[PDB]
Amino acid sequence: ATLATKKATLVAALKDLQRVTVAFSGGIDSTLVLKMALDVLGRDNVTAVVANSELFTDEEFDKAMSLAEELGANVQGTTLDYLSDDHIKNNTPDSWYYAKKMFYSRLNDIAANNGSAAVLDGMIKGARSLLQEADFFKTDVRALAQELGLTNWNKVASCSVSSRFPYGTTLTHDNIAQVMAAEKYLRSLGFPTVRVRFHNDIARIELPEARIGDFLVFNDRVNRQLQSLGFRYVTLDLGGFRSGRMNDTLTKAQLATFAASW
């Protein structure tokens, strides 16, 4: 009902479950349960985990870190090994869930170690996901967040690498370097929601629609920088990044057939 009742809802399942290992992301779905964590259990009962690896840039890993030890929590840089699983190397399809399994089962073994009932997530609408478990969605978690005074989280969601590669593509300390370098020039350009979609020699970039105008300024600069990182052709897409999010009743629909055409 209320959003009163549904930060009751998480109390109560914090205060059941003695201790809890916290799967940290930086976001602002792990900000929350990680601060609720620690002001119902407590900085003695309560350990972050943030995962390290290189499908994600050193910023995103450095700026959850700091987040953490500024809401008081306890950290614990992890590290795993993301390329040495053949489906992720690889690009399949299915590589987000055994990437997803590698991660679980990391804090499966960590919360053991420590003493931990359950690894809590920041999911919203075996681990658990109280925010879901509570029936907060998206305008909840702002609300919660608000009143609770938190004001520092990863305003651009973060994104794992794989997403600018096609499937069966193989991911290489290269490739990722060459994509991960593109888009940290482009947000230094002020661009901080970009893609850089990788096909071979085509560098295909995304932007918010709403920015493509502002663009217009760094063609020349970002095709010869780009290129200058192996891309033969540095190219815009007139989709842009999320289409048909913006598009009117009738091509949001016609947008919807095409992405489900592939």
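Numbering follows the first chain given and starts at 1. First, how it differs from the form deposited in another entry.
The rigid-part assignment between the two forms places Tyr185 and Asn152 apart.
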Given for the second form:
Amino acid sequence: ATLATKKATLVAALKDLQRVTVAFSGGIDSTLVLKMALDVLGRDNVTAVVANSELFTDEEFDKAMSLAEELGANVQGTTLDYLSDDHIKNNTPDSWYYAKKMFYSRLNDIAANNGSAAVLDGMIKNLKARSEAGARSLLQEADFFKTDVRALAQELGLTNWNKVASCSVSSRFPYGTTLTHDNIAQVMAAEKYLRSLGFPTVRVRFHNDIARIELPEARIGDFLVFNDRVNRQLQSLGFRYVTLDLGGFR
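Alongside the form deposited in one PDB entry that was just displayed, please also present the structure of the form deposited in another entry.
A lone chain is what you will see next.
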């Protein structure tokens, strides 16, 4: 199938729905989904939803919120208490499944109250909780790949999205560590401070009384001028010891 065949299939699917709710993160694929939806159905029939929670930073939320206004869509934020589900709070390998199960549930109730006929995400063809909510991945059921979504992104003149596929803060705690409101706010504030110093790719691992910072090895040399400030700032967030991993990022 050509790029023209699958955009045509994508247009046929959107036209059948008239009114949709789009799960928007700022990503390459969700932006293409949000952009195609507005171009086919219109601004007055597309509702974009961006999720806010403690597991993601508010900087990524505030940014993905405005990327959708830059796309010219009616955007709406919703907040989720992920730690209300213990399966998420206990930080088990399947905690991310229950996060999206709770995420796809909130989208459906919004899809009911706004009058939308389906929930759209930006999942491509190259998972579980995506089906029970009836969420539809239009890009994948039209046989798109990452090479296809990039092609249609240039054709629609889309150049501004996010390259930082942000990760849940739970990856900063070893499996089995109980997440709390305060230790999550402890990690995110330390990562926000380090990012403001000029280090966009950074991890602050949580080791009880120890913070273990992960930087790209080719940036550790540039980090030297900040040792004393990061030490005291992170001590003032609760960490007793502030360290920097010699093994680098991941």
